[PDB]
Amino acid sequence: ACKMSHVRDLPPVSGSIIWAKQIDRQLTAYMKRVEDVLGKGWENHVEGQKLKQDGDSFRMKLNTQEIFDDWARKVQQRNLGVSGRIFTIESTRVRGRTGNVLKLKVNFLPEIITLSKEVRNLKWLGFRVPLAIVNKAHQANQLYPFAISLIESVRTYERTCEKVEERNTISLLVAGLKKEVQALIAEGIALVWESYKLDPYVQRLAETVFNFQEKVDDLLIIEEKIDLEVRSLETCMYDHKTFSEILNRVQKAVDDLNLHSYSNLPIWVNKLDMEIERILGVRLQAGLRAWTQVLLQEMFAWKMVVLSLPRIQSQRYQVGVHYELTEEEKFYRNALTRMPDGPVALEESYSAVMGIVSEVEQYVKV
Amino acid sequence: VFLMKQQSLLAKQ
Amino acid sequence: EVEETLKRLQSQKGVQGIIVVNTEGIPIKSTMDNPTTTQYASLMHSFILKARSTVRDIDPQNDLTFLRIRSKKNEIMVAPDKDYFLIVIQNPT
Amino acid sequence: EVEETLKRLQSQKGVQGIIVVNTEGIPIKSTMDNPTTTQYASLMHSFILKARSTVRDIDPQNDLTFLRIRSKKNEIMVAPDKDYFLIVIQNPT
Amino acid sequence: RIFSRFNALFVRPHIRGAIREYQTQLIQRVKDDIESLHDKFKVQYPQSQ
Amino acid sequence: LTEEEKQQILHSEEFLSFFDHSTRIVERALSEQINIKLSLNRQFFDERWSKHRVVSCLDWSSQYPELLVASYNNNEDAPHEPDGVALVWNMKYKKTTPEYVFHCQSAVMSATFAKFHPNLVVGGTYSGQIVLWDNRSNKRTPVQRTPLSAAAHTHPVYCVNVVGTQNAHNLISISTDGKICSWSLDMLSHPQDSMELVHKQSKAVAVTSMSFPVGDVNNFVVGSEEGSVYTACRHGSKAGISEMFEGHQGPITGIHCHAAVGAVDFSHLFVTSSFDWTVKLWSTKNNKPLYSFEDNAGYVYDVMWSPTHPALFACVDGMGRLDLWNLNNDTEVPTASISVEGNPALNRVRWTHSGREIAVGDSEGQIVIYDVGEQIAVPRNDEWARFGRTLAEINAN
Amino acid sequence: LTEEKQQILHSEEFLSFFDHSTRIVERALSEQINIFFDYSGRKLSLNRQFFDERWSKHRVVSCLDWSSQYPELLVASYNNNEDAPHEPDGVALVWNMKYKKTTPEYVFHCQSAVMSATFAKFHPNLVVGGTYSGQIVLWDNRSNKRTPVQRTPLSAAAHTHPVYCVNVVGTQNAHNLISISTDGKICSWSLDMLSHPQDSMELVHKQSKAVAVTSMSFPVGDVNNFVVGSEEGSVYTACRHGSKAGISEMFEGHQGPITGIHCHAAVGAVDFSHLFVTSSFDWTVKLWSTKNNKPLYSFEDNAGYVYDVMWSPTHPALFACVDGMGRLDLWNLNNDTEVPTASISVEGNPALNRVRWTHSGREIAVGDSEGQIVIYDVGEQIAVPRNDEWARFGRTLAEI
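Chains as they are written, first to last, in UniProt numbering: chain L, 632 to 927, 984 to 1053; chain G, 361 to 373; chain U, 3 to 95; chain Y, 3 to 95; chain X, 583 to 631; chain C, 208 to 243, 264 to 624; chain P, 208 to 210, 212 to 250, 264 to 621.
The set of hints was computed from the structure by calculation and includes no laboratory data. Every clue listed holds true.
In silico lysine-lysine, DSS-like type, Cα no more than 25 angstroms apart, as pairs:
no., chain 1, residue 1, chain 2, residue 2
1, C, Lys427, L, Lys754
2, L, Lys828, L, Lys810
3, G, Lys365, L, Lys794
4, Y, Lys75, U, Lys52
5, L, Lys794, C, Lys213
6, L, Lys1017, L, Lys883
7, L, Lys681, L, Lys663
8, C, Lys213, Y, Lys84
9, Y, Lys74, U, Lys52
10, Y, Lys84, U, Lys75
11, L, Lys663, C, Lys515
12, U, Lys74, Y, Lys15
13, L, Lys794, L, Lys810
14, L, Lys794, C, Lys278
15, C, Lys213, L, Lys883
16, Y, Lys84, U, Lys74
17, Y, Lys75, U, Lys75
18, Y, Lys15, U, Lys75
19, G, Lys372, L, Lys828
20, C, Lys430, C, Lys465
21, U, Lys74, Y, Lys74
22, L, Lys810, G, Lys365
23, L, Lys856, C, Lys213
24, U, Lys84, Y, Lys74
25, Y, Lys75, Y, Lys15
26, C, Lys278, Y, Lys15
27, Y, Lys74, U, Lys75
28, L, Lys681, L, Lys692
29, U, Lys15, Y, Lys74
30, C, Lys465, C, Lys427
31, P, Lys264, P, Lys319
32, P, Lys512, P, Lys427
Work the whole structure out from these sequences, hints included.
This is the structure:
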């Protein structure tokens, strides 16, 4: 029942105390049923006091002030921040990981039972609670739903952050988005003791933990997909199309990384060049095997035939990466924004090189 | 979260 | 009881197309035509022979028992026999 | 990979049911014995081709990656989707 | 049009509630019709065929 | 074979319905012969959805019916992990577990109420952290986790009821702040169609899988936290109910309604269960106690007023139950003590494969025997007419 | 192929096998309950169109017409070229599919601007055409003359305003070549007397308003009930025979000029069916009637600048309303209301001048805003008889 209360934003612990009160009222109702078994006078004194004795015996603190005094004592001691988590805006919040996945969030769901207890004891009907429950209510009006949503989004942020943490380069690239989140947090926590901008930092903390989850899945998709395309070589290869797709993937990877929230070329060029290099490397290994399988007195042609076609397709040994795999260069321009062209001459350079290699290989004497 | 975090920490002091 | 033979051969209580033969897949009484039924029962016999060999290849001491394939709600069964084989594509549900 | 759906409809183990292998025979979706899966799927694929002719003559939806050799004590079922044949080593429960 | 065919059915708010329900759809497609009007007017009589 | 290109080229995860179909074909390749009041054989529990956590609510399915999304707002004992549930149960044979499962972006309190879908769900959490997780999902966690920003407040969705045909499929999910998410067929992104609802007092109807009005109206009679159950009316596009409905006398999280019958009138009554077992029958916004149902246990968390017969209705209990009541030859006598799995106060329900039985969303987003075969309409008109007349005669509180 | 089950009489092995197979198929779901299925259980017929700008160069395809006097061979006149330094302007061309060509078959150039043109009654080569100059040119390729072999005297004998509609109304025994211009004049001639007018008179209104004809049409089946469209609508419905000249009656339902109309009959003229539909510039397409001046609703082909309407009288429950950007819309009254039956928007975005339905059949010639011969067809839709559904649809239209 308290689980339904937590599944419905209600008093969990205060509802448990009131639940005890209701079941004890059901015991009193059972005593009234035995009273209904009798008339309406004084002919019901045999075991009625014993009935109330058993009902109050297993429920000695059901509807009494003992639960109210317990909530009041808990509030007076320390139950003021659970229902009053106002520090989830720009305050004490230990966030981070191995890659520094830091943001602004809370964990109000842990002490949510004490939170709901103090909140219901201070706002339902005004139960016995000290001024600390009122402080919890004021800080609740400050950042209550923000702390609850921040706890939920923090849980989802850590869950998506684990998948993003599967690759360390994804954390290095996600740092570029964490810088934007920290920039918004710096803009919201930039004024020297702003007495009127706490709700923006609380709403930004909730949206920041949600952005950590969504950005964790997105940055993991970008970096891990670059690693996946880099390690994906079981579809089609053994031509210039594999390395061409790798180079175009590097260009599109730099553009897609530029479409995100970052400002330094490092993670973008790293994912782009890494995807192109390892994609062309794995596809080049398979292509090397298939390339050896497909493109590996006039009577003195034995001299040329001794080593005629040993290298019919040797125009693809670019130090495994080179970032500009092409056996020639392209044209020029004056001024624009085209900082993602890896190998612009990769459409005819190595093509003419390998074609002349195969032609001179099979025709080393003609 | 490095330069922006350091700026926010310096502003907090 | 040739009529009962055709009924219990390919007119049971729930099947895609069932089968019952006599020797090397040679049935007449079924719920189809003798030519196509002869082809189906012969395919069942070839399935039992090749299934006994490939079953021995799977497990060193196996023969053709029944190809009780799964479906949406059905369960086909190309089963073998002593001197024949019945490709009774039955149905679980 | 198929944690919730597989664990829900198959809360325990002992059998395998319908597990789809990769293209080369790798475990695209599996948690059981892949070596026995590949061996039974290959030999059962040959026997399933013969039984596919049989069952196909009984019900046209037969193929080699869609048959389940069932016996009175065990069953090598190879009947998955477009990935590969399935994997199951259990009788017809 | 097909709705107003049942013009004798304006007794209770089930019908008006359905109008409230498809308000958006109605407004946007009338916007589409007037967008087509804007397109036919901008590509004027000499400009068009 | 010896390779790493499989995961290295297919690092994502999008084979939920395919794995559910593989599990169904797995059962199809196993269950065969050999040549040589509650039935409850076993509850179809989705343990992969929520690890030991009862279903908070459940939204029924139309296309491939009873494939309800039984959201389970799990315990908050997770330091850095998201709870939740979105599942589908396999109660065709009443096995020990469900058909498929999934978690959410946080503890799933009444999932995004979509309708007529066999492989689609969204784990609407207690803090609005909904997560796109198929009904036939294969991941124990969500298939995709949506955002939980400042917009998705702490308003937990509470009243779940499939209200829609197959052409314009929809379902309502009233939230803690009154956000009646009347999501359409494929609406599983966020609370877009979350209609507003707020009263002058007790603006938090703390329900858990509450249902429609007495007549299957589009008004979600959501059980209030302190008695006098509120509602979220979504009849068409111009309805609103600021209900103070009877049946709730404290902590109550659910109010289903005994609708009309072919042998009775509208019968504006619904036996809602109270925390102090003060069950009483009333409509969505009636606030008048027609009739009391059977006993309860601990604080209430649901109610199942049988609409299958106007004379039938049901309260609930702390062991995940539903105490029915029939009025064929009586006035308010009980009918059957149906239940749900686990020994917790379970709060979710669904229908049978052919109906006339409830598959309760129990201890793990299950399908347990909350069957109402003992609550169907009897083959007589005067019986249900006299039962409705007695309920209307005692309609006053 | 042994005992072909010859042992189906009194044996026991095959009998027990069949009984066991029947029991197995009957109990192939031994799980004691229903299996967990996991809630999943596991129209254009384009003919040889023509386009060749030898004369199609900026010359709009004018009046299109299948050969009715001959076996289904369309001929369409032209308009003026915007690239003719000294070339003749009225260059009507023919496009007969019987020749099995790609380019136009016959060229017919005239210095005037030809507007309307038609065939000859039992004369396979006499091309006749009313022009913009008020005269009616006359080509004849039997004498090998691209140029009109005879030009009508442009004065009072012919029209004093641009001739826009000309065709005979009489048979071989009583041919009456009637031409209609913007002067309100009508002029009938014989087969050879181009000097003596057979029946030339006018159709003018009471006041001084210059009666401007707009795609006026001859009476369907020469019932004398001809219609004259005008710029402010103004459907001038009038008769021909007797003393019924001038302006008999009119009716308006819009203010646009009706640039497309088609006087029709039934599926064999079972009824009067003079509920000719229009094509005006307000996009109105109404099933107008002469007697009942303002009949049933206008099926305005919206989202398009409607141009023409024409259909074969053989099963007229197939008719198209095209527009300014080519939207072929043909339908049936008994089944469709404003949606089509079997048609589609025309190729690209042409300005369809004329739609020409096949003589007792279906293939439709398409004339556009240049010389663009597009010859479609539908094929699947056949002139289905027992068209009483169309008749009862008219009956229901006669109710409300």
